[PDB]
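Q: Residue strings, one per chain:
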Amino acid sequence: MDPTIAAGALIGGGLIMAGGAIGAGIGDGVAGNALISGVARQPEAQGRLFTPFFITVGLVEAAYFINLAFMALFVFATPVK
Amino acid sequence: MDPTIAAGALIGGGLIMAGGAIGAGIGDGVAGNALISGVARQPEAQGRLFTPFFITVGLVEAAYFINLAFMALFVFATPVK
Amino acid sequence: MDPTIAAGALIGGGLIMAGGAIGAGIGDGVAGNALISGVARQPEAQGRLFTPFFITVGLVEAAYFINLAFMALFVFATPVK
Amino acid sequence: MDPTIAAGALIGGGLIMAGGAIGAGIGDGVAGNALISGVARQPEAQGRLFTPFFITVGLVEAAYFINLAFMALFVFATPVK
Amino acid sequence: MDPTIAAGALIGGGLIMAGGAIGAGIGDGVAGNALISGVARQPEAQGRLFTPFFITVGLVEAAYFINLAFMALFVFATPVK
Amino acid sequence: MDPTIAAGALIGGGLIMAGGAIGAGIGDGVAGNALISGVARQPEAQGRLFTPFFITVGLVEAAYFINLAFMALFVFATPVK
Amino acid sequence: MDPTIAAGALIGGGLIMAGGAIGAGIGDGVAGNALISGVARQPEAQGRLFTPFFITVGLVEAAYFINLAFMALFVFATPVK
Amino acid sequence: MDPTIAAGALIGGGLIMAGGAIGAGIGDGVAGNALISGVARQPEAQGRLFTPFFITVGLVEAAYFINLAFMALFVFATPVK
Amino acid sequence: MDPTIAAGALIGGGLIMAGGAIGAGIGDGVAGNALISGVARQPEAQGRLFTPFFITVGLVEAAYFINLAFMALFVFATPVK
Amino acid sequence: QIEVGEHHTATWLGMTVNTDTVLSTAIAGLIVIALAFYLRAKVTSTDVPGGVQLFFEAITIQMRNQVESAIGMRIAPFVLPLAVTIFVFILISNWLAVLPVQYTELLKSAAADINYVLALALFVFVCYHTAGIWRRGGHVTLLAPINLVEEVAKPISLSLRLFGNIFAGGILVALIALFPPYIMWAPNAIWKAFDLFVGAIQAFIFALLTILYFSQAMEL
Ligand SMILES: COc1cc([C@](O)(CCN(C)C)[C@@H](c2cc3cc(Br)ccc3nc2OC)c2cccc(OC)c2F)cc(OC)n1
Ligand SMILES: COc1cc([C@](O)(CCN(C)C)[C@@H](c2cc3cc(Br)ccc3nc2OC)c2cccc(OC)c2F)cc(OC)n1
Ligand SMILES: COc1cc([C@](O)(CCN(C)C)[C@@H](c2cc3cc(Br)ccc3nc2OC)c2cccc(OC)c2F)cc(OC)n1
Ligand SMILES: COc1cc([C@](O)(CCN(C)C)[C@@H](c2cc3cc(Br)ccc3nc2OC)c2cccc(OC)c2F)cc(OC)n1
Ligand SMILES: COc1cc([C@](O)(CCN(C)C)[C@@H](c2cc3cc(Br)ccc3nc2OC)c2cccc(OC)c2F)cc(OC)n1
Ligand SMILES: COc1cc([C@](O)(CCN(C)C)[C@@H](c2cc3cc(Br)ccc3nc2OC)c2cccc(OC)c2F)cc(OC)n1
Ligand SMILES: COc1cc([C@](O)(CCN(C)C)[C@@H](c2cc3cc(Br)ccc3nc2OC)c2cccc(OC)c2F)cc(OC)n1
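Residue numbers (the entry's author numbering), protein chains in the order written: chain 6, 1 to 81; chain 7, 1 to 81; chain 8, 1 to 81; chain 9, 1 to 81; chain 1, 1 to 81; chain 5, 1 to 81; chain 2, 1 to 81; chain 4, 1 to 81; chain 3, 1 to 81; chain a, 9 to 111, 119 to 152, 163 to 245.
Think of the hints as simulated: they come from the structure by calculation, not from any bench. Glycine included, every Cβ here is placed at the ideal spot set by N, Cα and C. Hints are not guaranteed to be accurate.
Below are the DSS-like pairs computed for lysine-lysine, each with C-alpha atoms no more than 27 Å apart in a straight line [unchecked claim]: (1) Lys81 (chain 1) <-> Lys81 (chain 8); (2) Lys81 (chain 1) <-> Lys81 (chain 3); (3) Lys81 (chain 5) <-> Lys81 (chain 7); (4) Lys81 (chain 2) <-> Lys81 (chain 1); (5) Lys81 (chain 2) <-> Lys81 (chain 3); (6) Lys81 (chain 8) <-> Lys81 (chain 9); (7) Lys81 (chain 2) <-> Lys81 (chain 9); (8) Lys81 (chain 9) <-> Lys81 (chain 1); (9) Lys81 (chain 4) <-> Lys81 (chain 5); (10) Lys81 (chain 6) <-> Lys81 (chain 7); (11) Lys81 (chain 8) <-> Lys81 (chain 7).
Quick list of the computed label-pair ranges, beta carbon to beta carbon [as the list claims (entries may be wrong)]: (12) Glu44 (chain 8) <-> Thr51 (chain 5): 40 to 48 Å; (13) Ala77 (chain 8) <-> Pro170 (chain a): 42 to 50 Å; (14) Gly47 (chain 9) <-> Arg41 (chain 1): 15 to 23 Å; (15) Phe54 (chain 1) <-> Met1 (chain 8): 51 to 59 Å; (16) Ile10 (chain a) <-> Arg41 (chain 1): 18 to 26 Å; (17) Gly47 (chain 7) <-> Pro170 (chain a): 36 to 44 Å.
Chain 6 extracted, bound-state conformation:
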């Protein structure tokens, strides 16, 4: 029956957003854990830590955004149908 594909898109799309949330969630923590520490150690450096922080968050959030794109391709398009 063809509805097995839909179920494969919902389960599979569910994995693409489960892995993405573990990517951003921790990737931004392990990155912010540094910024909160750098601003503890040296307050006047808060202006310059945002470049390394938004590079590393920029890369980590790209992994989430791309995933979210493909999840939409999985669930609203279903390429194999």
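Given the coordinates of chain 6, assemble chains 7, 8, 9, 1, 5, 2, 4, 3 and a with the ligands onto it according to the supplied hints.
A: Just chains 7, 8, 9, 1, 5, 2, 4, 3 and a with the ligands now, kept in the frame of chain 6:
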């Protein structure tokens, strides 16, 4: 007929909220660990540390809330029928 | 018809509680490692350290409790049917 | 049929106990690491450190016991049947 | 038909022992890390450090044994049948 | 029939992009953490710390892109057919 | 028929071995990270550091090989059949 | 019935590259973390710090390439067919 | 018929190689992270740091290549039919 | 297509025995004893040592450092010779797999069969148990069950890690054969390169765990 899609929606939504609470719980923990450590080292620092903390908790909680919105979209409003 | 949707509810609820317990059990374990470390280095800090701690655990426990609510919604209310 | 609900409930209970085990284990390991480190660095500290340690373990252990309870409620008293 | 419940019980045991071993192994690793670091920092502490260590390993292992009990309770004396 | 292969690509292709994002999102976090601290310790190091940082992020992002490609090969080529 | 239990033993046993390798391969690392660092700081300590090391690894490897025993029991000797 | 082993090959090959990209992404991340830290500490040690770096990365890549070879065995040369 | 067992062998062998690569890859990170750092603290300690490094790797990689052995027993020589 | 590690066999005392494994372990043993005779004939003392003597002495003093760091050499001197064979008998036992034979090949390494590693690991077990009983007849009593497993898990993990770490090669040498021969050389090359590293690191850890397990046996 619907039932394999309904099971796939529930399992897909389950994956999205499983990965969501892992991303949320561990990112908040690792961000909060640096907050508590900054307040340990420097009692005067608390007001400055809250900025970096709530930036990182924002970037984290967005990823959980977006997963919660997509689980709700799968479970209450299946896109594929 | 209905029993396979009953399966999807039980497995989906199981995933939600599995991810909730991983995110929460580690979250408190990490945020708590800073409390134990701070109170080891500075016994005098124990009064202040509970404010940032109980913020972080709060946010962490929110991710557990929201998942616990959505597992109860999956297994008792079973939305798609 | 009921056996399919039986397999669903068994896999659901397995997931609930599995995520519970991971959470409790790694949380006790990480909170325990700070306790062992505090007792290494400050020889007198073991008395004070058992308050932060049994707070953080008390939370972590809860997230286990709750999953244990819910696991039994899944296998002995299947909510969906 | 029993074979479905049999496979359910086997995958449930598979999940319970996968989670219990991830938790116990990583908990023992992270507790053992602090023990070796304490002995390499303050060798005079080597007598006391077993106390906090075997508390924390005691909690980490309890999470294993229970699981190991219940996995046998799924696999040899299956609750649902 | 053939649908059982289709979902087999959608599920399996999802898994490839799930472990892909957990790989990149955490990797760029744990590499990025060591750049933010470095720059937080001496701002004039941001010039040279990019030489190791973008190497690691290179390696890491390879482990992502390869999974990305392979996901397309699962969803747009379906090899086993 | 029996082939559903057979597959149930391969997937159940596959999980036991996946969780055993994650738990042990990381533990033996997180513990070893101590050892190396100790030897990097006080080479004179090398001879004593193997005592708390192989205690922790003695616990960790057991959690691998008990999982190997239960996987072997599942796959060679399917208890419910 | 070839499609059933086809879908099993795809889910197995998907798991192989899910675990591969997590092992690769996080291993290179944690190694490059130490590389960036050590190059921030002693900028002159860069030329030396690559020889303990390109070993670990090297080693890690083995455990990625072997999964990539076994993925090709599952997908292009499926063992039982 | 045979195809359900052979699909179970591919999924279940895939899990054994997925958890293998995660445990090894991350292990040889957390161990290498202690080697590089060591060779950054005393840039002439490398010579001896190989003695505890290749011990820890030998323990870690074991948990992967024991999985790979048993994966060939799952994939080519399925103990059940 | 690919198949698991089957064997040619012969029956010598009612029990069947593998024809290779026994052949390739004999080829390793004769080369080891051939180096032992050649070195013992070439041996220097007041003059400068050649390549084989400076190699085997570096191994013997590496083992001496390990054993004398672990236990007093007055108590347990025999664990040094037992440890260097466990290094070098195993080292050559892996290295010979680098030379190309395949076309299915008989020349798989001695550790690509479980019987070899079981005999070595079980021998090491009874040896360190006899060491423990010789001295008289863990670090916490209440851990008896783990200290119960230790006595199984030491020989079982020794054998299984040596088997798994080498059996993977015995499979991968066949896997790359499925690729076109005019492009298969490069991954074959890389893997052949890594083979030596894993063979050496594996010989190293088995010898070191043998020493460190002996140290733990002959305690007090
Ligand atoms: C759809 O639901 C969202 C999504 C998103 C994001 O995808 C990030 C999700 N994170 C916050 C958890 C976001 C984004 C994409 C990126 C892409 C690259 Br490549 C690099 C950095 C990136 N950074 C980003 O945000 C920091 C984004 C995307 C599109 C339009 C947007 O503008 C309307 C937009 F903001 C944010 C959001 O806010 C509630 N809701
Ligand atoms: C629906 O179930 C919830 C959800 C939520 C939250 O999603 C937090 C969930 N985590 C703590 C587990 C929350 C939230 C959304 C965010 C969105 C972005 Br974009 C950025 C930061 C965000 N931060 C947030 O919290 C700090 C939120 C959501 C909706 C309405 C809200 O206002 C009534 C609201 F507060 C809380 C809750 O009750 C505790 N129940
Ligand atoms: C019924 O099973 C439980 C659940 C719970 C909790 O969910 C905690 C779960 N973890 C400790 C394992 C608990 C909880 C919910 C939270 C919600 C937000 Br939003 C923010 C912080 C929260 N913090 C909490 O605890 C610190 C809770 C639950 C229900 C009602 C409550 O009263 C309003 C309530 F407090 C505790 C328990 O017994 C110990 N049994
Ligand atoms: C096949 O089942 C086992 C179990 C075990 C242990 O679980 C250790 C498991 N990990 C170390 C690998 C062991 C154990 C149980 C615990 C229970 C609690 Br509540 C608190 C601390 C505990 N600590 C323990 O040791 C650390 C144990 C188990 C059962 C009976 C026992 O008799 C007393 C017993 F000792 C070892 C084993 O070897 C084959 N096989
Ligand atoms: C039956 O299987 C167990 C379970 C347990 C525990 O769940 C601990 C589980 N961890 C070690 C992994 C335990 C427990 C429950 C908690 C509940 C909350 Br709410 C908050 C803190 C809690 N802390 C706990 O331990 C400190 C517990 C359970 C029941 C009765 C108890 O007696 C009053 C009891 F102590 C222990 C055990 O030992 C054989 N067997
Ligand atoms: C929707 O697919 C993407 C992919 C990508 C990347 O894969 C990065 C993914 N990360 C951020 C999670 C990227 C990439 C591949 C690499 C490959 C190797 Br081997 C080594 C370094 C690599 N570094 C990279 O960038 C850091 C990339 C790939 C292709 C074209 C590109 O040009 C547009 C391109 F930028 C970015 C993206 O943004 C919309 N969308
Ligand atoms: C499309 O599949 C790849 C694979 C790979 C690698 O597997 C590394 C993957 N990481 C960077 C994420 C790589 C590799 C294999 C190794 C094997 C051992 Br045993 C030891 C060290 C090893 N080191 C390596 O590079 C660091 C490799 C493999 C084959 C051909 C290659 O030549 C093109 C080649 F570079 C790179 C790649 O780039 C697009 N695509």
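Q: Against this structure, judge whether each hint is valid.
A: Here is what the structure says about each hint:
1. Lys81 (chain 1) <-> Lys81 (chain 8): 26 Å, holds
2. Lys81 (chain 1) <-> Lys81 (chain 3): Holds: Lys81 (chain 1) and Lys81 (chain 3) sit about 24 Å apart, inside 27 Å.
3. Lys81 (chain 5) <-> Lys81 (chain 7): 26 Å, holds
4. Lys81 (chain 2) <-> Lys81 (chain 1): 13 Å, holds
5. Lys81 (chain 2) <-> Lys81 (chain 3): 13 Å, holds
6. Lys81 (chain 8) <-> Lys81 (chain 9): Status holds; Cα separation ~14 Å.
7. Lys81 (chain 2) <-> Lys81 (chain 9): 25 Å, holds
8. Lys81 (chain 9) <-> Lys81 (chain 1): Holds, at about 14 Å.
9. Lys81 (chain 4) <-> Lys81 (chain 5): Distance of about 12 Å is within 27 Å: holds.
10. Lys81 (chain 6) <-> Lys81 (chain 7): 12 Å, holds
11. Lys81 (chain 8) <-> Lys81 (chain 7): 13 Å, holds
12. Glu44 (chain 8) <-> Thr51 (chain 5): 40 to 48 Å: 43 Å, holds
13. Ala77 (chain 8) <-> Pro170 (chain a): 42 to 50 Å: Since the Cβ atoms of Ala77 (chain 8) and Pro170 (chain a) sit about 45 Å apart, the hinted range of 42 to 50 Å holds.
14. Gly47 (chain 9) <-> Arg41 (chain 1): 15 to 23 Å: 21 Å, holds
15. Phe54 (chain 1) <-> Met1 (chain 8): 51 to 59 Å: 54 Å, holds
16. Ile10 (chain a) <-> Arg41 (chain 1): 18 to 26 Å: For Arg41 (chain 1) against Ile10 (chain a), whose Cβ atoms are near 51 Å apart, the range 18 to 26 Å is violated.
17. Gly47 (chain 7) <-> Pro170 (chain a): 36 to 44 Å: 53 Å, violated
Going through the hint list in order, the structure does not satisfy hints 16 and 17.
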